[PDB]
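Encoded as structure tokens, the following chain is the form deposited in one PDB entry, with no partner shown.
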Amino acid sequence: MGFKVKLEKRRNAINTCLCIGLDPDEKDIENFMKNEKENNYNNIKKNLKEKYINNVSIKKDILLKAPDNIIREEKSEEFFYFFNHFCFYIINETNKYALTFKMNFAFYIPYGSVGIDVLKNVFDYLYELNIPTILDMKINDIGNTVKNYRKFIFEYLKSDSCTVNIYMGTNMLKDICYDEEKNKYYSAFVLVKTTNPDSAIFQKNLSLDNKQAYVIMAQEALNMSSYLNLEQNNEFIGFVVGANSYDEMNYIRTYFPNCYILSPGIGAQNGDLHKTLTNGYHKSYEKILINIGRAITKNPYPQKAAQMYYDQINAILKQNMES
């Protein structure tokens, strides 16, 4: 029942490795409110039709209220309402093409508690729909402090996985991916520092070898995975590998053959999708999640945007399968 089965199960259903980034900025939210006011709130109306909205934890009866009724009667919940309703809109619109959804914590906290009420309900809504989640939060602190994040992420939000920054040492992973008291196991993706690689000569001259360094770190993280018995519990520790780091991606997929990789970077005005996916390719292609965010969420037609990226990944997977 780990994340590993969650991923394989849904892989067999929708046959993609597309990861949809839900990173709603202040502009997006304002822009949604504006368009919905100007369009007789048709997307919020679409959202209210859906049954799961009745299953979220926080101010359910505010979200359930009519949008006209919100501005007149609840001018104090207007931001909450439109924030929370924009994430629903992206979710309802694009979920059929999503292997997973990844939420960056950063976008949810700069307004105070209120973005955190919405993050909860976003994770509530996605758990009700049984779509695999990643919380991108890049957690990092000492073992006893990091237990707080484990609770927030895996117990409050009930996320399947998160991202982690283990620069300071791998041993924090023991207190994120494992809960001794409750005998529970969780999955994480660790950040790997990847090169330019035109900057490689400067590192040699500095006597640094960034390549030895990230492989050493990589191994320590898989060493932790095995020590924590995560695989036998259907969980894993994988890598966050930048989309344009073609060298590291290839090297990693090669020297750690069955590791899980999450690859951010591709957008509308940059990124070679085939190149990234091919370098990180695995027959079990849930092991190479391709994150697209803004190219979908800021496109005036998110579902079509999502459909296009799904279609592009389809064709690359087909090419790679025929190897």
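Throughout, rigid core stands for the largest set of C-alpha atoms superposing within 1.5 Å between the two forms. Positions refer to the first chain, counted from 1. Residues that one form lacks are left out of the comparison. What changes on going to the form deposited in another entry:
For the residues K182, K151, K204, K75, superposed on the rigid core between these two forms, a C-alpha shift of 2 angstroms or more shows up only at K204. Once you line up the core between these two forms, the Cα of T195 ends up 2 Å or more from where it was. 193-212 stands as the sole run between these two forms where every Cα shifts by 2 Å or more, at least three residues long, with the core as reference frame.
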Second form
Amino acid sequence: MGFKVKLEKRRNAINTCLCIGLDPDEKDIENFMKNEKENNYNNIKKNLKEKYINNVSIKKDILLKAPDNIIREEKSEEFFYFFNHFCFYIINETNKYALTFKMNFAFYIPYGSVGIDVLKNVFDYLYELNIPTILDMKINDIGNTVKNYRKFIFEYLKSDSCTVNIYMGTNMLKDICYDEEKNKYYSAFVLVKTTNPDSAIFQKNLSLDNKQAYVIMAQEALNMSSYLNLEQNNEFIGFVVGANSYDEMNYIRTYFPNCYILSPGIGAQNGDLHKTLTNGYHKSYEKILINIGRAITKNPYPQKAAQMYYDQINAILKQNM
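Let's see the other form, the form deposited in another entry, since the form deposited in one PDB entry is already up.
Chain only, nothing else included.
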């Protein structure tokens, strides 16, 4: 059924709220290319033994080839092959510690179409493993236009959820989280308080009747969730609250006690894991997803990086229990 149910069931199976961010940059892909040479393509060889590699949509034949053969006979496909295999490696190494994976669209678009094929294969692979997914694309537009993102994200990729910037207004959510024609409902996290250094400029400095913009925005997002009856349908509108934004995390959790929060900003952005999880804590802890991207994906051994975040999260979750 809904994302609410998928998250709950996965939390029951793995007992964490780690969200692993999969945001590969050019340097990471090139590094993977290089390491794999030095290592006799060990990680790619592992990827090929996994069963679900056989269920991805795009250029499967290419993906199943030996690296040595790709490099000589399918050179034009080398970037595709190593990019896709980088993502498969990270997933295969870390999925056992992940409540959910968040892929930031920005990392999949800058080479043109090739990265979108990779992104589709990444979502196919996670769907097959039944791991909850988030597309972080911060979508926003008028209703007629945004329906195309609903199609891309929820029908093409079959994502469970996405991120949305509702500064234009909340009506867009009607065309992102709801498909009237098909009677389908989808989940989204709206930007509330972000991690960038100048985030106060509009999110805090603007207000409406003694409340900061971020509170107004959170409240209006939940009002739209209500109008749509999302939770009735096991889907939700939640909040992106920065892991370096303790006061706001604390406020949001206090005043919206049962909201779903997605919290990026730990690791590469120096956010604080203990404070973030303590301030956003909920006993149904799928309601406080702690996103870790670069601190895992730019680590020579991502499994060990994932494991340590998993263990620390779990030790903090017990403290708060």
